[PDB]
Structure formats: C-alpha cells, structure tokens
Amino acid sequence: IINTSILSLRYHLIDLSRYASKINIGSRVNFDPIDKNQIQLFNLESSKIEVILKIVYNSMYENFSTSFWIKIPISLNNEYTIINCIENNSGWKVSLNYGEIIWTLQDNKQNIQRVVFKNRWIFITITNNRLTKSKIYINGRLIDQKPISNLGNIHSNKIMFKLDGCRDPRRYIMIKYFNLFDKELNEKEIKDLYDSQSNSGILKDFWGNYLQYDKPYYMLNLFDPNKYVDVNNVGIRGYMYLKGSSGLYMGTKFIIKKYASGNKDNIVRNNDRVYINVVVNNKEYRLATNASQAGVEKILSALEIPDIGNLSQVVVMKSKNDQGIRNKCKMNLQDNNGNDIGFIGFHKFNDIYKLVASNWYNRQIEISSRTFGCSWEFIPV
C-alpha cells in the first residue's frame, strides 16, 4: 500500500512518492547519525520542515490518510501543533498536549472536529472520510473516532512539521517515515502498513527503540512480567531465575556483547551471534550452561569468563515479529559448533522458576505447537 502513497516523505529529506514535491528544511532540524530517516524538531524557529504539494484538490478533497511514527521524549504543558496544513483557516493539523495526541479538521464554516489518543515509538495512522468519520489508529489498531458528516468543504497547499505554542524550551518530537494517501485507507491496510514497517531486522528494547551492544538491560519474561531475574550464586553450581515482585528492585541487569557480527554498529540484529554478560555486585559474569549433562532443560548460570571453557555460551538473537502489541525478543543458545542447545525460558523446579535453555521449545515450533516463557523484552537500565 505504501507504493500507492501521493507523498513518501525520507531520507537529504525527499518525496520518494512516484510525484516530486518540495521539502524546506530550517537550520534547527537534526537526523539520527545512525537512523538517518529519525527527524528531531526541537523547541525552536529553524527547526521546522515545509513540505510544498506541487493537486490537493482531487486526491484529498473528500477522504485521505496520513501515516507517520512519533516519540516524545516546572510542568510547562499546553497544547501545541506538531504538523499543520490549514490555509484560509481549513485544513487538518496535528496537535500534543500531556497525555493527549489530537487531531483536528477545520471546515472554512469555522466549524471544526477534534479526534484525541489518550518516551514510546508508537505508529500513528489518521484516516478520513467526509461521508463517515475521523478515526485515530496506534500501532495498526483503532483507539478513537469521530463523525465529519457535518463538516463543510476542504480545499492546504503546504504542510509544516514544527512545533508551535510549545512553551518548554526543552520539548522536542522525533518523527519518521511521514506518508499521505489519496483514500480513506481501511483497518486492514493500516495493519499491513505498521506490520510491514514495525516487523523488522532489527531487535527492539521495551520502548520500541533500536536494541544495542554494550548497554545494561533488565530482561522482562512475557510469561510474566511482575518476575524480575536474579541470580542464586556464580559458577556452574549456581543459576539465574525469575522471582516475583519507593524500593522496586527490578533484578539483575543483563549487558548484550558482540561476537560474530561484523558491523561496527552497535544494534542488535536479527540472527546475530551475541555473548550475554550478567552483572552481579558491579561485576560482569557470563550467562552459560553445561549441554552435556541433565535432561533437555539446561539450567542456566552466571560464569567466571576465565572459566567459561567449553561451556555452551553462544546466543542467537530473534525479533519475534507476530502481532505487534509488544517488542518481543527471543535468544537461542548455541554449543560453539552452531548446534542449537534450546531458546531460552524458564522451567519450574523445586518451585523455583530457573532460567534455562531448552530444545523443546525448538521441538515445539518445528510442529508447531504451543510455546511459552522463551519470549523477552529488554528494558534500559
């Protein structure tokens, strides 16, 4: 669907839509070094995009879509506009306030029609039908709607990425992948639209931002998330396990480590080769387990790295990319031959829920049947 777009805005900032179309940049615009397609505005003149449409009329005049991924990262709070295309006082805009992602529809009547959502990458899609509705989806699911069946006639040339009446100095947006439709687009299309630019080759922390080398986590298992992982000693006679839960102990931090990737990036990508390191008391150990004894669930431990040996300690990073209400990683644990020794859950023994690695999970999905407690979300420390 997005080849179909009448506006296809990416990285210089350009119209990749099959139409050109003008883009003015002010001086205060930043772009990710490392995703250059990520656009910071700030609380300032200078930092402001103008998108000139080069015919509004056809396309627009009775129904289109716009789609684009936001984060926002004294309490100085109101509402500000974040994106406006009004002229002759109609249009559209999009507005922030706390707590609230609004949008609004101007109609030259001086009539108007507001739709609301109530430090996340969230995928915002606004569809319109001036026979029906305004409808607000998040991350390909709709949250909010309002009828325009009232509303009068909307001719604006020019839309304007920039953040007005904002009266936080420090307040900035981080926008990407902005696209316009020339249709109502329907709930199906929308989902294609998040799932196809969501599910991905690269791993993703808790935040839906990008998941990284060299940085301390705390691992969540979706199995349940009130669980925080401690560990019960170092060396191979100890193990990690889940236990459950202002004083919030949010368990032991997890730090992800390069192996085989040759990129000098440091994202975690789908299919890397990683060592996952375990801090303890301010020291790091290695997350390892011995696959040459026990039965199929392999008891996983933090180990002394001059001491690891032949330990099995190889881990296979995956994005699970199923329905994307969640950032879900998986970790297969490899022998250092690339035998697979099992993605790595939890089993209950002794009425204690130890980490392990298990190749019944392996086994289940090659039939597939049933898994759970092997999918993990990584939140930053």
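Numbering follows the first chain given and starts at 1. Rigid core (definition): largest C-alpha set, two forms, superposition within 1.5 Å. What changes on going to the form deposited in another entry:
- Of the residues checked (133, 183, 227, 191), the rigid-core alignment between the two forms shows a Cα shift of at least 2 Å for 227 alone.
- With the core held fixed, residue 103 shows a CA shift below 2 Å between the two forms.
- Once you line up the core between the two forms, the Cα of residue 216 ends up 2 Å or more from where it was.
- In a rigid-core overlay of the protein, residue 319 has its C-alpha displaced by under 2 Å between the two forms.
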Contents of the next structure:
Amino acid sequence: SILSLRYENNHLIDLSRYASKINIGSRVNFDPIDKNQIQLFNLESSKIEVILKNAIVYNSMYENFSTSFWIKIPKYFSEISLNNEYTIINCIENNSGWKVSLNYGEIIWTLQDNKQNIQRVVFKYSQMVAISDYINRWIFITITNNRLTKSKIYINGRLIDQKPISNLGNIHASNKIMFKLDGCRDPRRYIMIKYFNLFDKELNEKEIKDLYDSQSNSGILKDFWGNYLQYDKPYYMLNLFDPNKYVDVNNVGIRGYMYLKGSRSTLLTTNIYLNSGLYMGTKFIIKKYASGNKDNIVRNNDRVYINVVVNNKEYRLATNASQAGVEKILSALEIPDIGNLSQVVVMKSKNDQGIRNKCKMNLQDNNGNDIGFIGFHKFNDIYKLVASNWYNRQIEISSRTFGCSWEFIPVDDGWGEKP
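Output the structure of the form deposited in another entry; the preceding block shows the form deposited in one PDB entry.
The following holds one chain only.
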C-alpha cells in the first residue's frame, strides 16, 4: 500500500515506505482493547490529518487507486440526522479530489474532477430491520477506482454499487487526508474507524476478499458489534438460527434447563429506527479455564466456563452427558454443586480453513471428549438449549449447520437501547 495508518508504540504511524506524517487532535480516542480502533467525535479537536508525501498526491486523468478501512457507525437516533450528509474522510482541495461521507443509512464515495464533475457510489442500509448486519457493527469498506471503467464500493468483500467514471477528467486531490466529522448536525455523533489503507491500483475481487480475511483478526472471537470478545464481561445472547427468541432459565439446578423463548421487544423512534431489542434474557459471562494468562481477550480454541446470571446471581452452564439421547439439555447449576458435570467449553471463531465464522461453543466432558456444539432442540414445544455432537458431525461432513451459531451482545453506546 502507499498509506497504512496503524497505531504503534504511542502514536498513529504510516507503515508504508512513505512514512507520511500524521497530526492528531487532542480529542481522538483509541480503544484500550486495541488502539487501532480510533474514535472520532463531532468536535473540531477530534481529527487526524495525514500529510501525504508529494510522490503519492493524486493528480491524474488515468491512475487507478483504491482505499480500504473498517468502520463502526452508531445507530442514527433522531430526525436531526435525516438529510445531513457529513464528510468523514476528506481529500478534496480546490474543488477536486475524493472523499468518504456518511448520511442517515448511507456510506458515500465521491470523486470530483477539476471541472467539478462528480460521480458517487453509495452503500445504503436500513434502520427498519429486526437485526442489522451493519448498524453500529464493524464493517469492512473497500472502494476501487479504474479511470477507464468504474468506481466500485464493497462491504465485507461483497460488491454493493458500481458506476462508470470514464467521463471524469483530471482529478487533483489534496496532499492532506482529513479524518474528521465535517458538517454533522448531531452533536453526539461519533465514528469508529480502523486499518485505513490507500492503494495505487484497482484492487481485484480476490485481493479484496484476501484483505477482508487478513484484517478479520480470525484467531480472536468477536462480540456482536465486532469488538474482541472478553472474559468477565456480561453478554446478552442471540441465536442466529432463531433470532427473535432470547435465553431464559426454567429454574436453577440440574432439574431445570436453559431455553430460548419468544419474543424480542421492539425499539422504535418513529421514522428513524425500528429494531428488535438486543438487551434481553439471561446474561452470560465467559470465565477463564486456563491458568496463567493475564490477557482478557477470548481466543480461538480457548477453554472457558460459561456463567449464567439469574436475578443478579451467577450459576454455571452445565449438563450430565449420561442423560439419554444425543442432545444433552443444559442447566444453570449452583457453582458449589457442579461436581463432575460437563461444563468446559471450547470457544471457536474460525473454520477448518482459517476463515472467521460466527461464535461456536463446543462442550467437553472432564476427560476433554466432545459432548458437542451448544445449540437448541425442541422438546415438548420448548426450544431447550443443548449440546449435541450431531452439530459437530454435520459441520465435519458438510462444513455448514444451523442452530449452534451465537452472538454475544454487550451494552454499547452506539446502540442506545435501555437495558
């Protein structure tokens, strides 16, 4: 790349061979979990300016170029965000160049030539959706530009929009890239952004997929928002196969069980959003099995215990694998009475090919034999949580199955639901 903006040591740096200078304002926040996760507020002092080396300033009718980054965009909460396009990444000087801008439910790429001809490619996402892949979740952006053909915008490696640009003439962009919310009327607006890159070519579909995969951190489990999953952090649970239900407990102890039951609440602000509630049901807390590692990030193949919170008390997710049948119904046990019940969970973030997939939880007995992935099964018209090796086998012979994929949802200020 010709620009690779990364946090190292105690500063943002360009890791490219150009080592372009970076000026940060006083109100830029870096997430302590991973300081590559940059937070920009709607404040004049919340800005990053890259001073491009002269050699890489864009001034051409013919040179191809691309950009990639990940972004997490908080839910739009009120009418003040309608019909308010605001720049976030600015490389326009003297009315020519490129920029990334946001609006209500949009990510916009703009090219402007030196006669002020414009082309825009746009990603549109709805806030009128039960459970969104995009609202307040880290998503991978890629924009490519071939001066003889098309601009293209990709989301998570998938082509979303393309437009011809061969009618544009000379584009003379800024020698500065300004990361800053410019013209945003929502005082509480922020963005989170990571892994910004600029490339002096049109990336192809394979390069885009490979960049998406390589930047996915796939040896690390992720929460619903795309942040690293953590130990000792309460999470509300979502089963991806039956997303309108939430987890509940039918009594503590081995003679009770955990189950999925309908129906998520409705969150609404008239004409702004209409979503399923996410802060529902029995919270789970992931506990370390292994001694000796201070780190609170949950990694692929980590062994864990799962604690369940019921009326502000913790219990242990567990089962007696001796019960009849392949599907082992899970219970919330008193921790002092866990005895030799099966409770160790292997956490999984990636497939046999090292590609990220949704969180799976493989229950093992105390000898480390698989009891199976945690999902659910219907007994007596109730969707009880289970561990079942049937899931493991289906994955092993198909590489795909349904019911044993989960999301962990912590409270996040980009979502705004009241718990």
